[PDB]
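**Student:** Here are the chains, one letter per residue:
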Amino acid sequence: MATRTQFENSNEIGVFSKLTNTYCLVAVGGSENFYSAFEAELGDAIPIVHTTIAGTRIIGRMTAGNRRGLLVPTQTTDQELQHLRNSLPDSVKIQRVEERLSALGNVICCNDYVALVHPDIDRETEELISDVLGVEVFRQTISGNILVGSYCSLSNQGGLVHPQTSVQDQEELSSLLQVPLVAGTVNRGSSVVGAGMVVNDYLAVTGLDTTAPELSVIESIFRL
Amino acid sequence: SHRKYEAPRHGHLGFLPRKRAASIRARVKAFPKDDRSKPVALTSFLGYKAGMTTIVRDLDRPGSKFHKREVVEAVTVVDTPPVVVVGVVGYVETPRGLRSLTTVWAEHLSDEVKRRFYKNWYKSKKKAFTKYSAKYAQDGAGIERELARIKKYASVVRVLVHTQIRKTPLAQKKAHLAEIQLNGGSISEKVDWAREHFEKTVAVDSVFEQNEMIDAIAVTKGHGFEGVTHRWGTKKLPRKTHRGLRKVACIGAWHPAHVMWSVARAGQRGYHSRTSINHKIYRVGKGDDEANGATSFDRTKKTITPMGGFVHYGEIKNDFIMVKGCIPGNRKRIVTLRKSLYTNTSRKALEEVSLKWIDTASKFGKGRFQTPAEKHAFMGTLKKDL
Amino acid sequence: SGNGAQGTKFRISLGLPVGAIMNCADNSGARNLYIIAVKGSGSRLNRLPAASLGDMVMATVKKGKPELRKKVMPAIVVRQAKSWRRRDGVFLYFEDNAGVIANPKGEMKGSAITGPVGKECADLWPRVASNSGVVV
Amino acid sequence: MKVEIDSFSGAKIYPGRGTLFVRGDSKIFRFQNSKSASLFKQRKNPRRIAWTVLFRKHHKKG
RNA sequence: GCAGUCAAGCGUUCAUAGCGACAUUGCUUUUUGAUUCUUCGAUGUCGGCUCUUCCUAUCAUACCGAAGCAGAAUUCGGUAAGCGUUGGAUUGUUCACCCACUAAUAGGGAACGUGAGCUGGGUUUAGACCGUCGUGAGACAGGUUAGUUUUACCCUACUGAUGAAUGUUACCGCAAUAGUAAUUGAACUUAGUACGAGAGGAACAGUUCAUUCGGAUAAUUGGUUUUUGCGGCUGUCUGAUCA
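Protein sequences appear in the order of chains Y, W, X and U.
Taking full-length UniProt numbering, the leading residue of the first sequence gets 1, the next gets one more, and so forth.
Taking full-length UniProt numbering, the leading residue of the second sequence gets 2, the next gets one more, and so forth.
Taking full-length UniProt numbering, the leading residue of the third sequence gets 2, the next gets one more, and so forth.
Taking full-length UniProt numbering, the leading residue of the fourth sequence gets 1, the next gets one more, and so forth.
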C-alpha cells in the first residue's frame, strides 16, 4: 500500500525520513498523522527512532546506509550518536565518515546489494563505505545529474529513476543493478523522485500529491 | 501639511523626563502583592554587579528547533554579601497613602550604617545612635512600647537592611541602607520576625532560588550630556548640511508657537532608574561553597571568577546570583533584585534548568584558558622557576 | 521566510539589501542574480529590505542564458558571507554570497547545487536540501 | 560539548569564542579570535608564524 | 470633495443585499474661483530631506451587525485613530503611472507646518543659444545651459544642570500631579475535518519563531583606535652599532 502522507504540508517523505529493512529514522518535529501511516502497517516490526542528525531535520538526506550499516557525517553530535547506538540494534554498523564533498544521503543511493555514489568522492572514504556497509560501491551519474540521491529511489525489488533518462542508460543500469527500472515521476509530476518517497521490502510511503497513474506504476515496479 | 511618509517615533515618551537619578541606589517603587498565608520572608535583596560571563546550557523547550540541544547565552553575575537587618519601620494606610508612623532601630549597629550617616567620617565624634543605644539600659520599655505601637497599627511592615560592603572587593567602606517589605501573614508575626532578626545574616539561599523569574532595578550607566542622534535615535542629516549634521532638523510647526515636549532634544543620557522584569536565575552560588563554577557535567574545581578577576571589579569570594541575560546597571552598582509581581505562567518561565558549562576565561583579553592549571598544562613550562 | 516555506527559522543576520548581486550557485544557467525585494520583509521609512540566509527573495538575472534574462523570478539564498549567530555559539560566514532560482513553492529550477549550503536554508527549504551538496 | 582545536594556530576553542569560516570548497576552518583569523585571510603560512602550534611542533619546542 | 431624504427601475422573481434615474436638503475649507480687510520704511516666494503633533469623512489591526454570507473570498456598515501606513525606476516636482514586498500601501491639517533646520533641481536679475513675431531696441503664453542664499552671544519655549530661605544637618520614605508602549505576521497544530455535488476549503484554544518599535546592556562576534602598546618598512639625521 503506497500510503500518501504529508509532512505538515509537503510531500517528499525521503527528505525527513530514512526507511530501511531493520530501522526507520524520522524527524522529531511532526504530528501524529505523519506517524500513523507507519505505526499502523508496521506496528511491531521495526523500531522507528525519532532523532535529528547534525543539527538539522533532513536526516533522510544526511545519513545513508542499508540494513547492515548507517553512515553518519561530521556535524552529528555525541548525544545523537549515543541515542542512535542505544536505539538501533547491534546488527547495524555505525561509523563516523570524514568527507567534505557533500552530505552522505545525497551521495549514496544504495541497497543491500549494489551502491551507486557520487563520482567525485575519494578512495579512503570509499574503502570505509565498502568496509562498513559491506557493499561493492559503484560510481555512476543518472542523466547527467551528479546527485543520484535526488533522482533515484532504490530498493532490492526495483527502483525509480530520473524521468528524463534515455533507454540506453536504463538498460546499462538494469545490467549493473540486476533490477528492472521504469522511469516515472511522483507528486503530480515533480521531477525530484529520489526524495519524493521512501521504500523498503514491506513499505513504500509516498506523498499526498501522487495521483493514481503514478501510484499504479510505483506499486507495479516496487511489487508490494 | 501631512508628513508625506509617516513613521514610528524616536524614543519613548513614558521614560520622561530623562533627568539623572536621585542617587546610585535606585528606589524600589513597588513590591510583590501580599497574601497572608505564606511563611514570613523578604521581598527584595541588594547586591553589587560583578560583570558578565558565558553559559552553555541544554535548551529543553518542547516543540522548538533546538530541543534538548546546547545553546550559549549571556549571564550577569551580581555579587551577594549576606545582607544584615538593622531595623524595621511600619506604615499606616491613610487617605493620602502610606505614612511611616514609627521606626525602630536595632541595638548595636555596625560601623557601616554608622558610616552611612556621615559625609565626613574622619572628622566626626562618631556619635551615631548613642542616646538611642542608651534606651536598652532598662528592660526596654520605650522600645517595646514602639513595637507594641507597630503591632497595633501599621498594615504594612518594612525592614531597614544594609549590605556588608567590607566583604566585597569594592573600595567604598560605606553600606547602602534600604527598606524591604515582607510577605508573611499577620504583621505581629512580621515584626516578631524582625525583632528576632536584628543584626542577623540573611543570605540568598532563603530569599531567591534556582529557576525563578526576578525583576532587577538599578540605575543606568552614565554617559553624561548627549546629542540627539545617539540619545533618541534620530536620523543623521546628509553630508551637505550647513550648521550641524547630527541633529533633529525641524523643531516644530509655526503654531504651536512653542517647542513641544515630545520633540527630541539634547540632554542627559544615562544614569536613570531602570527596571527590567522576568530575569531568570541560573545559579544561586555561595561563598563558603568551594568550586562555584563546577557543574554536574563539568566537575572541575574552579570558581566563577575569571582568570585575573572580573575586569574593574575583583574576585567573587561571596555569595552570588547568576542571572540570565543583561541587566540595567553597570559593574560596581548597587543592584536591587526583586521577586516577581505576577505569577509567570508562560513556558519561558517555569522551565527548570541546570547549567552545563560556566565560562571563566579572562574577560580582560581574549581568554584562551579557563583555569591556570590548564594553562600550565597546555603552554607548558617556561623560563620561570623550572 | 514567507508563505510556502516549511518550518520557522530563528533570526539570522541581514547582510544583503536591495541591489545585491549574488553568485548564482546552481546549474540552471543563470550566472548571477540581483535582489529586488525580500519575501516576508517588513516596512520602515528609508530602510532597505534586506535578505539573509535561507530567505526567499524576488530577484532578476544579470547574466547567463538570454532566456533567463529580463524577468523577475523567485530565488533562495544558500550562502551569506555576513556572519550570523547560531544559537549553539558560533558566528559563521561563508566565502561569498549565493542564491538559487526557485518557483513560489520552493522547487529548484535547476537540478544540482554547487559547493556548500548553509543548514539554516536546507531545513527551511526541503527541495533545496535534496539537491544540496555540502550541508553546513 | 566539544573542545574544538583551531585551524590556524592550534589553540583550543571554547563554545562561543571566535568565528567559523567555510571556504567555497567546503573545507571548514575555525579560528580562536579575530587575530588568527585575520592572519589567515592574509594567506600567511602558519608553519612560519612563530607563536603557533604547527611552528613549535615542527621545530620540536618543548 | 463628502453625506442625506424621497424613489421610477436594475438586480431570475424582488424599489431599498447592493445600487439608483428625475428632483431636493446640506456639510466641509485639503481645490479653484469671487472679494482685496491686514502686510509694499519689505511676515525669505515651489519641491524634497528631516521631525513632532493633531483631526477623521478608516487602508490594515481589535470587536461586532447586514448579504444575492454554504465554506473560502468579498461587499455594505457601527464603536473606534489606540497603533501602523513602505522599498524602487523616469521626472525639479506637487500630482503621476509603473516594478516589488506587504496585514495595509487611507485621506488630510498645523502662515498651502518646517530655509537664523538643510539642500537650491525648478521659478524669477545680470551671460549665452535656437525657433517664432517685430524695420528695429527687443517680446515670448516655448525649449536649453550657467548662475552669491548672511547673524543668535538677547527674552521666551523646550531639553538637561545647580540653587538662598521655612532651627541646622544627614538618612529612610509616602504620593498629589504629569507622562506611558508596545505592535503585527508567518509556520505547525486543529485539518483535506467543519462546510460543500465537486471544485475548493477555514476558524477557537495551544506550540515555535518572526516584523516595526522601546529600554537596557558589552560575556562572545564585528567596528573604532594616540594603550603611538608590540612587531615591520621607506626617506633622512644622530660617526657605525644599540637606542
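Quick caveat, the hints were computed from the structure, so don't treat them as lab data.
Treat the hints with caution; some may be incorrect.
[As the list claims (entries may be wrong)] Simulated pairs of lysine-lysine, DSSO-like, Cα-Cα distance not exceeding 30 angstroms:
{"#": "1", "chain 1": "U", "residue 1": "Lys60", "chain 2": "W", "residue 2": "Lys384"}
{"#": "2", "chain 1": "X", "residue 1": "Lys72", "chain 2": "W", "residue 2": "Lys66"}
{"#": "3", "chain 1": "X", "residue 1": "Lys110", "chain 2": "W", "residue 2": "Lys69"}
{"#": "4", "chain 1": "U", "residue 1": "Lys2", "chain 2": "W", "residue 2": "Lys287"}
{"#": "5", "chain 1": "W", "residue 1": "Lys385", "chain 2": "U", "residue 2": "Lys41"}
{"#": "6", "chain 1": "W", "residue 1": "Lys237", "chain 2": "X", "residue 2": "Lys40"}
{"#": "7", "chain 1": "U", "residue 1": "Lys41", "chain 2": "W", "residue 2": "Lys367"}
{"#": "8", "chain 1": "W", "residue 1": "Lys66", "chain 2": "Y", "residue 2": "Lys93"}
{"#": "9", "chain 1": "U", "residue 1": "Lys27", "chain 2": "W", "residue 2": "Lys281"}
{"#": "10", "chain 1": "X", "residue 1": "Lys83", "chain 2": "W", "residue 2": "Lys237"}
{"#": "11", "chain 1": "W", "residue 1": "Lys115", "chain 2": "W", "residue 2": "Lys349"}
{"#": "12", "chain 1": "W", "residue 1": "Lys325", "chain 2": "U", "residue 2": "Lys60"}
{"#": "13", "chain 1": "X", "residue 1": "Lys72", "chain 2": "X", "residue 2": "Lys40"}
{"#": "14", "chain 1": "W", "residue 1": "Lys174", "chain 2": "W", "residue 2": "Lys152"}
{"#": "15", "chain 1": "W", "residue 1": "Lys115", "chain 2": "W", "residue 2": "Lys126"}
**Student:** Taken at face value, is the distance from the CA of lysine 69 of chain W to the CA of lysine 110 of chain X at most 30 angstroms?
**Tutor:** violated, 36 angstroms
**Student:** Please work out if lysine 2 of chain U and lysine 287 of chain W have their alpha carbons no farther apart than 30 angstroms.
**Tutor:** holds, 28 angstroms
**Student:** Under the criterion that the straight-line Cα-Cα distance not exceed 30 angstroms, is the pair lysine 325 of chain W, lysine 60 of chain U satisfied?
**Tutor:** Judged against 30 angstroms, a Cα distance of about 45 angstroms means the pair is violated.
**Student:** Quick one, are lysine 174 of chain W and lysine 152 of chain W close enough, alpha carbons at most 30 angstroms?
**Tutor:** violated, 35 angstroms
**Student:** Is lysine 41 of chain U within 30 angstroms of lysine 367 of chain W, Cα to Cα?
**Tutor:** Holds, because 19 angstroms separates the two Cα atoms, which is no more than 30 angstroms.
**Student:** Would you check the hint for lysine 27 of chain U and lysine 281 of chain W, treating anything up to 30 angstroms between C-alpha atoms as holding?
**Tutor:** violated, 39 angstroms
**Student:** Would you mind confirming whether the straight-line C-alpha gap from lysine 60 of chain U to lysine 384 of chain W stays at or under 30 angstroms?
**Tutor:** holds, 17 angstroms
**Student:** Would you check the hint for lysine 115 of chain W and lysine 349 of chain W, treating anything up to 30 angstroms between C-alpha atoms as holding?
**Tutor:** The hint is violated at about 44 angstroms.
**Student:** Is it true that the CA of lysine 385 of chain W sits at most 30 angstroms from the CA of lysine 41 of chain U?
**Tutor:** Violated: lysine 385 of chain W and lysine 41 of chain U sit about 35 angstroms apart, past 30 angstroms.
**Student:** Straight-line Cα separation of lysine 72 of chain X and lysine 66 of chain W no greater than 30 angstroms?
**Tutor:** violated, 36 angstroms
**Student:** With a cut-off of 30 angstroms on the C-alpha distance, tell me whether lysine 237 of chain W and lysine 40 of chain X pass.
**Tutor:** holds, 29 angstroms
**Student:** Mind checking the alpha carbons of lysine 83 of chain X and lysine 237 of chain W for me, to see if they're no more than 30 angstroms apart?
**Tutor:** holds, 25 angstroms
Violated hints for the displayed structure, listed by number in ascending order: 2, 3, 5, 9, 11, 12 and 14.
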